[PDB]
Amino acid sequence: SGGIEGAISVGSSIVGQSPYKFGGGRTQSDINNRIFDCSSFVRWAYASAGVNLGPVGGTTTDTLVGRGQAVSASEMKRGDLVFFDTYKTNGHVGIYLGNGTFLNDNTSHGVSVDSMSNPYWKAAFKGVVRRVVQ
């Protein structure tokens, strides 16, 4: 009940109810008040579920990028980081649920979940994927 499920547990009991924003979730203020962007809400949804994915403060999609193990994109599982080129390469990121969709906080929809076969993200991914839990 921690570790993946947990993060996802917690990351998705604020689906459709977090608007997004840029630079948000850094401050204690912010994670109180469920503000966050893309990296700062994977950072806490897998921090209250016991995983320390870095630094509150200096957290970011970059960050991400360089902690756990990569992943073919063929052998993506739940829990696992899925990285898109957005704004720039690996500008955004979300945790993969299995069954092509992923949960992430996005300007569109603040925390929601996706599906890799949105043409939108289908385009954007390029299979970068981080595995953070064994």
Contents of the next structure:
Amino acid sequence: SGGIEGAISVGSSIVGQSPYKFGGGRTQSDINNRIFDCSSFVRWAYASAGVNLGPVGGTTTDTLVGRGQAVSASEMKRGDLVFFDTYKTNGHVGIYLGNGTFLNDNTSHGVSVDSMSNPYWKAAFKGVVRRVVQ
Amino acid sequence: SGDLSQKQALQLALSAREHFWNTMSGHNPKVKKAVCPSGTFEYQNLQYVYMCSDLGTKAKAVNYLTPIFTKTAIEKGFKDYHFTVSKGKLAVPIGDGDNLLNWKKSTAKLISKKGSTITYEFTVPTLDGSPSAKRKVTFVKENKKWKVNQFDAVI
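Now the other one: the form solved in complex with the partner chain, given that the block above is the form solved without the partner chain.
And the full complex, kicking off with our chain again.
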């Protein structure tokens, strides 16, 4: 229930049950209701598994790109944070699951699993990856 | 007049989307040469940034949103997204979002007409090809205009 597998387990447990809360996931009420934005979702899943990615109120995509250790796309592993260019550079984040998929929270269907080779996400990905558990 | 067509409903929805995004972002991009105060503060265990000058006060934000959102929607939107006034300046918590819903290519199906309200269900295709999203939007006649009754109905 800890580390990479604990974060992925906890995060995956609300797939389909967690609509995106725009800019949210940091109040006690949002956390109670398990609704998040892309970065507060990642922070919550890892914090639930005992991994500190930053304070609740201050953690965003901007701060998560500074956490952990930079690794190359070619060496990316299950549990790494993958970043994507949406409306801005590194505007979206998810947790790589291995085998070409990633767990994330986005507005279309909330917490979900998407494919790295989905044409949209493939184009959005510029190789920015952060390893947060060694 | 007493009606709102599919075509008109989508145009209003797109305006609501732009106003919601710009207000959460702190700036209307079409106001040029606005100044944006830098610096952050903590309040209610959240990290805040300041609105840019074009939305720099609550009054400026209310006037920006009045054409497209009802009075109740504006008040509840400030509360729901934890806007605050600090040192006379409007401020919004930090956070993230995305624009995967391709609202401009959506279709609108009428669901309800009750009193002075009309509800449409939009089927919104996505930028990443995930299943098209269902989104209900309720429009209320206020001050002779059809206005969206939820600040966050169109994201």
